[PDB]
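Enquirer: Chain by chain, the residues run as shown.
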Amino acid sequence: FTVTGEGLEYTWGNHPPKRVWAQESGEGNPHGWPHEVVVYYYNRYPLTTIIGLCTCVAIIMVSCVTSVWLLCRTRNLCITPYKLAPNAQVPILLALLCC
Amino acid sequence: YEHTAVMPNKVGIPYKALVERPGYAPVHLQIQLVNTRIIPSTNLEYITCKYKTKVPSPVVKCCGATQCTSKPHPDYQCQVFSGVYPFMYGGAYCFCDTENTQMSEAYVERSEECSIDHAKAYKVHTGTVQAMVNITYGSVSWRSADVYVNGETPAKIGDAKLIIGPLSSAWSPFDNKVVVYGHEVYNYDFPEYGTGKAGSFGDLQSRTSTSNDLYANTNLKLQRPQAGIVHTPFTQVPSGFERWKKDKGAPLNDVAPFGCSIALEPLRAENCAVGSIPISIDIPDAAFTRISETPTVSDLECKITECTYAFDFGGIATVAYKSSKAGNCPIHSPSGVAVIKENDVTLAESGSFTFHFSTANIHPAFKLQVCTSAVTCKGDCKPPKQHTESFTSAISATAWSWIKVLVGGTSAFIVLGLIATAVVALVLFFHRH
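Residue numbers (our numbering), protein chains in the order written: chain X, 8 to 106; chain D, 42 to 474.
Everything labelled a hint here was simulated from the structure, so no lab data went into it.
Do not take every clue at face value.
What the hints assert, rightly or not - Simulated crosslink set (SDA-like; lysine to any residue; CA at most 20 Å straight-line):
#1 D:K445 x X:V27
#2 D:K382 x D:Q73
#3 D:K197 x D:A186
#4 X:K25 x D:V296
#5 D:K51 x D:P207
#6 D:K102 x D:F136
#7 D:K445 x X:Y47
#8 D:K445 x X:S74
#9 D:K238 x D:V221
#10 D:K445 x X:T73
#11 D:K363 x D:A415
#12 D:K197 x D:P325
#13 D:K426 x X:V46
#14 D:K426 x X:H38
#15 D:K426 x X:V27
As the list claims (entries may be wrong) - Label-pair restraints from in silico Cβ distances:
#16 X:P24 x D:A196: 28 to 36 Å
#17 X:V27 x D:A196: 47 to 55 Å
#18 X:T9 x D:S434: 21 to 29 Å
#19 D:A291 x X:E13: 14 to 22 Å
#20 X:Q30 x D:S437: 16 to 24 Å
#21 X:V69 x D:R184: 21 to 29 Å
#22 D:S302 x X:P53: 29 to 37 Å
#23 D:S302 x X:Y49: 46 to 54 Å
#24 D:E342 x X:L101: 41 to 49 Å
#25 D:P424 x X:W28: 12 to 20 Å
For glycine and all other residues, C-beta sits at the position ideal for the given N, C-alpha and C.
Required output: the full structure, derived from the provided sequences and hints.
Expert: This is how it looks when you write it as structure tokens:
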């Protein structure tokens, strides 16, 4: 059996009931490698770690991908200027090339 | 002087707090619950226990019959019996012909364990709550004190005008209809008091032991005496409540959550430590002193030696300091994060010494007070390996505040540049004309 440090009742036979906190079980290193700290933020709590992990990975991925789309938006917007050049005339020394 | 507070329900754990005043030297306390006593306004309703069944002398003649009456007993029966023809040893069969005379009059009554042992069937009403504490304040030692929950109770011990709560939480696991044998005790959904439950549980359907009102039915039915045998063959119900006394279950005390128990006579629930208590206590303002006469603080610094997050105050740290002059001065923990073993220490000249404390933290960065001078000792990283901790979120570590700001700043900055881009382009397009 297992329990929190909350103790728990028990008595088989004329044995009086006793109740003992369950602890001395950390089971995790707060800081190792990032993979180590990952196993930690997996184990430092059994489950609250896990729910935090799933929700956090979800939200960070969605934030990053939103940033990515906004990046692409801005990039094509930056593309839009040079459509002057379709005139096929003098160059204005930018990153893209037509020497 | 009176100071009040709201203390959380801490049945076992103590509670110190330094109390100060401008121009006055401070003083600590130490409150510690001793009992919690939850007394409903209950009562018993009726009792039940094993029955008994006796038989008077069944009538007999040579011929003819006597008559069966309403011999007043619970479930009592009687019936004539004709042509009985029963013999007696070395007799003459008690007749010369058809006897016809046998009433088999019956009787039901109560057992004798009833005296020693019977049901205890109760209606349990609102009632009260109270509790015992121990105060070891200031200069005061163990002063264990008991009082009722009500937020009114004016109680003075020494100089402590106690006013208690009442408790935030407002419930104990009880029930109006709860019964009990022996030490055990059971919520009987309802003891069917007036209603004879076929004797299935209301085997003794009576208000009291001495209340000889048996509104119960053993369903006593007689059978015909026969075979020349003088007897009263019959049937009735087995002691049903006893039949359950085979099917007894888990007493509520054994099921009571919050690892707490019950008292027999008042149904005093015993120390289910839940809630907070707005207490109010007067203190001796004479027990105060001045503030200027005191050996003064100076040269503040504390060394965070080490703590490992464990139950016991498993962390030691020291101070390095120089005093105005030697003496003593309290060290209160306004932030009880690292739950200090200490609450008041002597302050010798250059009081540069240590203390002990537990926090659940992997590491804090916090501080607390000493000698009316709050000093900062952040709290180093803590190893892992009954009682509380700090435990809320103070277990913060380096990588946490590192990566959180990492990701937040990265996302913010990139999206900011992204939004900038648009108007950055548009401005010169406007400039075109």
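Enquirer: Quickly compare the C-alpha distance for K426 (chain D) and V46 (chain X) to 20 Å and report which way the hint goes.
Expert: 18 Å, holds
Enquirer: Mind checking the alpha carbons of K197 (chain D) and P325 (chain D) for me, to see if they're no more than 20 Å apart?
Expert: 11 Å, holds
Enquirer: Within a Cα-Cα threshold of 20 Å, do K382 (chain D) and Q73 (chain D) meet the stated pairing?
Expert: 16 Å, holds
Enquirer: Just to be careful, I want the Cα atoms of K426 (chain D) and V27 (chain X) compared with a cutoff of 20 Å; is the pair within it?
Expert: 16 Å, holds
Enquirer: State, for the Cβ atoms of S302 (chain D) and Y49 (chain X), whether the hinted interval 46 to 54 Å holds or is violated.
Expert: 39 Å, violated
Enquirer: Take the C-alpha atoms of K445 (chain D) and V27 (chain X), compute the straight-line distance between them, and say whether it is at most 20 Å.
Expert: It is violated: about 38 Å lies between the C-alpha atoms, which goes past 20 Å.
Enquirer: Decide if the proposed pair is consistent with the structure: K363 (chain D) and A415 (chain D), CA atoms, cutoff 20 Å inclusive.
Expert: Holds, at roughly 15 Å.
Enquirer: Assuming the hint says 47 to 55 Å, is it satisfied by the Cβ distance from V27 (chain X) to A196 (chain D) or not?
Expert: 36 Å, violated
Enquirer: Within 20 Å, alpha carbon to alpha carbon, are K25 (chain X) and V296 (chain D)?
Expert: Distance ~15 Å between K25 (chain X) and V296 (chain D) Cα, so the pair holds.
Enquirer: Is 16 to 24 Å a correct range for the gap between the Cβ atoms of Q30 (chain X) and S437 (chain D)?
Expert: 21 Å, holds
Enquirer: Check whether the Cα positions of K445 (chain D) and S74 (chain X) lie no farther apart than 20 Å.
Expert: Since the Cα atoms of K445 (chain D) and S74 (chain X) sit roughly 17 Å apart, the hinted pair holds (cutoff 20 Å).
Enquirer: Would you say the C-beta atoms of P424 (chain D) and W28 (chain X) sit inside 12 to 20 Å of each other?
Expert: Between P424 (chain D) and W28 (chain X), where Cβ atoms are some 19 Å apart, the hint holds.
The structure fails to meet hints 1, 17, 21, 23 and 24 from the earlier list, while all remaining hints are met.
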